[PDB]
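Presented below, as structure tokens, is a lone chain in the form solved without the named molecule.
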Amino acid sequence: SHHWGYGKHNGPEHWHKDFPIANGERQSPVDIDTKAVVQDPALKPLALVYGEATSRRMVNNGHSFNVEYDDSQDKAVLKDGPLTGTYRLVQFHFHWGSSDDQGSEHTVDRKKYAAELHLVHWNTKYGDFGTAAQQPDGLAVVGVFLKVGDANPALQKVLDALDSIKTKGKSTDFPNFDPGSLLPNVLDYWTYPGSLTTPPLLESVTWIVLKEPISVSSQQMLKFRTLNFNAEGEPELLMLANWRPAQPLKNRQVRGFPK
């Protein structure tokens, strides 16, 4: 039902068994070596059209939680940046570690943040997220680093719903949440072709990792680790860590905007 996980017996190092692509040529995340970042005059500023974003529910997916958005129409889309076309926001989720010194999937010159936010979008040229996820130009995910420091009020509404989705599969109504409240003021970004960091690990993601992190308090981070990987009736298993480590960059180029 979701055999893969982040434990020693089913963690990232074993995903390749059920998902051979785990050892693919465009796997994410990757460490971003700023010294090797390339400047592409063709890159444009990110166009996050989230004004009419309509959040629906928060769901415990068995490895983290998703804040789902109505992607039935172009209510909240991602355009420009390194993209061609329109990409609808379908859901966002986070990745975190068991301690504040780790948790982010992408790293900056080996630097790890406490957590990492992923805003998932899909190319409207495909009719649906699933079909989109099968094409290299199908998905666009904006990664946002959460840096331990000042408590972040915008993160409040999210943390408050966690006690309502403790176990795998549990969901809760989660209306009127502005996804843009989780974005930094400066939208400088790094971009490279990659994949979803969780199985099926499809290589259809144009990664857009923001250079500027947003804040989160150590106390707020404790909150993320209170969730359960398990379904009610199963042994309790806390969601202490759900990040995939950096994967081989291989023949990929990380571009940076504005540089």
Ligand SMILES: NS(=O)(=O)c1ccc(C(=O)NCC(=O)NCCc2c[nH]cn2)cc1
The other form holds:
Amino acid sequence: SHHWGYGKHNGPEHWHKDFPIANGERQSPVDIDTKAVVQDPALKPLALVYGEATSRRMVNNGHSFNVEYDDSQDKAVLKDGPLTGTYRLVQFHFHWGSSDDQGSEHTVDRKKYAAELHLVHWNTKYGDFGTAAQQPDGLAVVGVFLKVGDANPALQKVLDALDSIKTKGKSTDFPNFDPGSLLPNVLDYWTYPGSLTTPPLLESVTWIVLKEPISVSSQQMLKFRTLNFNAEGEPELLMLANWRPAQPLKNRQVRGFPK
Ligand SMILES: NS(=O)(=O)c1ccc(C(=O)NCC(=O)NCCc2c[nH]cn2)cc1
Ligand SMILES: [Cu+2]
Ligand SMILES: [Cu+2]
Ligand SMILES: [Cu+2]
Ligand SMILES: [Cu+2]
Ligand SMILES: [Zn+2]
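For comparison with the form solved without the named molecule, kindly provide the form solved in complex with the named molecule.
Starting with the chain above, the whole complex follows.
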């Protein structure tokens, strides 16, 4: 079975063979060169309205795990920031690396964090996530860095479930998780127009990368790496790393709020 990943033969450097947009003009992630960041008075503070969020299940999809949210109504939305309109939360997931010194997708002056959380939202003007994913203003992903140092109790609630979804296709019920519990205390951000960081690599994402990381311990990072890319019965392939490296900026502009 041919499907993509982060291995020797199916990894990021190969994705362009199957998804030519991989070498497109607005790919993600990117390195954020802080000396080059532009101040734009049009940018607003982020509004993350997650009080009534309804988490459903946690799923191992064979490339990461998603905590899925009910997006049938305006229950958990993102607005303001760089955005026009309302964007509904559909899921969050993580990327990580094989050791604590690497694993974030975005980098800041070439510095890599241990992991990166992605909160994925879609523009309600399009009716559904799939339709939104094919438009330049269709998606908004909030990225949050995980910085190694101190264990994160809110994150531990997520990690406590991973033993239930060790393998590809496994899912587990995962109710009453507040995705706001994984945000930092300050919501300063960088923003730029980009893409999904995995296949299908669609150039529909307004990226909103928070400046302030949340914590994670080294012990906690071990837990991410216990997942399997493969389905049960197949040869074991540990989910040691699942990050795409920085892609060329190509004269896009990174803006910063409040500077
Ligand atoms: N790493 S990243 O750039 O943040 C990212 C990469 C891929 C996808 C994606 O293709 N994700 C499918 C998905 O989550 N599909 C939702 C299906 C759906 C519709 N309504 C409810 N669920 C989303 C985000
Ligand atoms: Cu795949
Ligand atoms: Cu391939
Ligand atoms: Cu897959
Ligand atoms: Cu849907
Ligand atoms: Zn992601």
